[PDB]
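To begin, one chain is listed below as structure tokens, in the form solved without its partner chain.
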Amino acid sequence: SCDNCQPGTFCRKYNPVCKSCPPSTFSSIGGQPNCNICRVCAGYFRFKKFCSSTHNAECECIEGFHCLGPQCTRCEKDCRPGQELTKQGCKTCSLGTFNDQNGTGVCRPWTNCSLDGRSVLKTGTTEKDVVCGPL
């Protein structure tokens, strides 16, 4: 009987009624005995999308932070030089690659100085490219 109810309602099998979900509460599937609690977005989080009767609120991260996980359940500090922002958060550049930008950019590979005739003056790290000699 309660299976005839649609999303944004709750319904108890002993007394079938498709009652609207109360405030700050939702249900994406209809006709369950209770509605789920709305997620509040505060502190490091802000609302991307407000809660409605049929779907949860979605959170976003404040300035200087980015979302971590599929439901943005954690914020992570924006990455430092020597790191790139992947879809799974900040990953340190692997051996042979670098990034010199703060809070942006991607891990590029080191300049091979011997593509020209040039020699290496300075070795490479995760934050600095190798420096080559004279052309």
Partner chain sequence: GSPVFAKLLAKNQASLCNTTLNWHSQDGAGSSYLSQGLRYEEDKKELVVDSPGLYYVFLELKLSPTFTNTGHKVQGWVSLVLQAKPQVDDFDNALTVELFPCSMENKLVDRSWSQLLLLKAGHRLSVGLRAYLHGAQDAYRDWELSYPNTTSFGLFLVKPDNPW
Given for the second form:
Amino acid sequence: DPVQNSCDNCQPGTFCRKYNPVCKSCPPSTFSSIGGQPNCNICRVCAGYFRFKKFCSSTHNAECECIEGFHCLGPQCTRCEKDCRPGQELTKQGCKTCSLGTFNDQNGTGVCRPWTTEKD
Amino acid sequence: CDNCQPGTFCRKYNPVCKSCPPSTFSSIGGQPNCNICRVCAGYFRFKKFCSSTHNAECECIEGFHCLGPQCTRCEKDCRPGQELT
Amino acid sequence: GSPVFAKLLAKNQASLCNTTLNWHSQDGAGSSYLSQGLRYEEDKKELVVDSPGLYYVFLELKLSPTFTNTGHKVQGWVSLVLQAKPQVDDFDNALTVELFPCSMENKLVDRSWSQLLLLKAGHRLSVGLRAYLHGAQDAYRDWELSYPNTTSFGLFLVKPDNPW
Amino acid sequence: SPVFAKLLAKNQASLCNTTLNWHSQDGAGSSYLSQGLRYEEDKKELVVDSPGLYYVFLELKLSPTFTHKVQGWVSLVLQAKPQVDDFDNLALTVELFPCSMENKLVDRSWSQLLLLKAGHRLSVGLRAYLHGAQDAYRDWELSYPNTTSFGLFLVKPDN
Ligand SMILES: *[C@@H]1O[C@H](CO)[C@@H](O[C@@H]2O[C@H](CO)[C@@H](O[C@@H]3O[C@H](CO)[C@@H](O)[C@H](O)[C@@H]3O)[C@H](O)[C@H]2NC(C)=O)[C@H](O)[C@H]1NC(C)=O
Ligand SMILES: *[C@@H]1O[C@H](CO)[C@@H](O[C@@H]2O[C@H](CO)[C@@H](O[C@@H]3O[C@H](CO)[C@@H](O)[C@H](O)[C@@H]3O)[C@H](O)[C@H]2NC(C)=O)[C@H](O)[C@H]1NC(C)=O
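Starting from the form solved without its partner chain above, please write out the structure of the form deposited with its partner chain bound.
What follows is the entire complex, opening with the chain shown before.
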């Protein structure tokens, strides 16, 4: 039934120009989760400290994760932080030293409790 | 073109020896353009003002001395006593 | 017809004041270029666009430290703002550089800005220099617009509204 | 009609010694390629059809990846076939210091008015040298979504 000459009448994986509505498919390595935006967005590349979780498609961006020994920092994993050492735990703002009278004996995993910052 | 005197700029395509625009200089002459003049402000004070043939030259305000070939930075004076202070 | 292009260089500026910048536009004033269909009004510090269309406007901010003492932490920001007299619509609200106490380790702190803008006939364009520096009593004096690698401003007509 | 191009780096994060690929198709972000030009994907070259004076520009955008002092340099080199007399001053170079990691984006531009011949082939090489840690090269990447770009404009056609 939707038949109108508009960029509102177009599907994800396309780009469309208001002045002359045509709904062209996204160029390679670009995406569009909403249809009829004037351009497709360039795909994120996950390299080095970052690895892929989700690969790029015409309708969704690639999503990163961090390689072993490192974890994501930021909403869209914009930075990698080294996994916590004993005497720390993973929180919002990343690896943080355990407080007064608290300790974590595990390296790179675990949450700390009160009963050095690494033992007893 | 290059045979041009200082205070001018000349272009190979149509050789004429045009004098440097208002706030520019050229110590050579043959050049396709004139160089923009340096401005001495803040920590820097003028020694030489800009002319068509020479750039402005900076010095540092009293209590400070030049650092670098063309006085690119200012350093606070220590003492002239030679007591290593 | 002929391509419309300009690349102006910041004229007689070092100190980081809150004023509208002046520009070198005359032929032979460094690398400054001003094509036909463009004018520069020195007294009003404005670039006048003669023909309407889509213009690729760009700004390049170049800063250099003036002091040597690393002991006094200087922080802040410097900005280049595009001023349109016939006015325009903007997707992004200015070129802004953040400076940190260790930025002084760099001989040059450079940053660029570019935007495709629809300009009308007789469009007047000028650039404002903005800065806020703190951390020392001499904050304002610790950074200057770089010399000889000069701060620049320019544009080029990408698509005229009347191409034929 | 004006001759203009603004290409964005394609599928590059890592700081390699490589010839960059570029987004040129309409709809590939803000990528633009006017009628007097073409981009050969397989050869990674921008082909100029008409001769004249071109304002060529490069914009390098880098971002830190880690949150160990890492220093060095990153470079974008304009590679012209045939060569334009100036071979030396045809490179955008950014020096990186341990301080540089305090910036979300390290941006630097390069621009040059060049005389190009008909059928001029232009490509961009990425160069980098990073030291200071065992993971030196991984600590910086080409920025995303504010992408490294390359373009030109015909300022004066020849006659
Ligand atoms: C040039 O104009 C700018 C505005 O674009 C001026 O910057 C502003 O300066 C004031 C103080 O001079 C800053 O206010 C301070 O704010 C902090 C925290 O917000 C507060 O702790 C202080 O008590 C103080 O009120 C202000 O942050 C800053 N503008 C911005 C972007 O927020 C600048 O002073 C002008 N420079 C010259 C040459 O006068
Ligand atoms: C990408 O290519 C560049 C060249 O453009 C490579 O950079 C060069 O790397 C070497 C080491 O791999 C550097 O050599 C060092 O020189 C210093 C002298 O101060 C010496 O003390 C060291 O023992 C070492 O030999 C060299 O400086 C550097 N090039 C330049 C011109 O600075 C780079 O390694 C390549 N990167 C990749 C991804 O392989």
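Positions refer to the first chain, counted from 1. Just so we're on the same page, rigid core means the largest C-alpha set that superposes within 1.5 Å between forms.
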* Once everything's superposed on the core, is residue 34 shifted 2 Å or more at the Cα between the two forms? -> no
* Relative to the superposed core, what is the Cα shift for residue 70 between the two forms, in Å? -> 2.2
* Asked: How many angstrom apart are the two C-alpha positions of residue 87 between the two forms, if you fit on the rigid core?
  -> 4.3
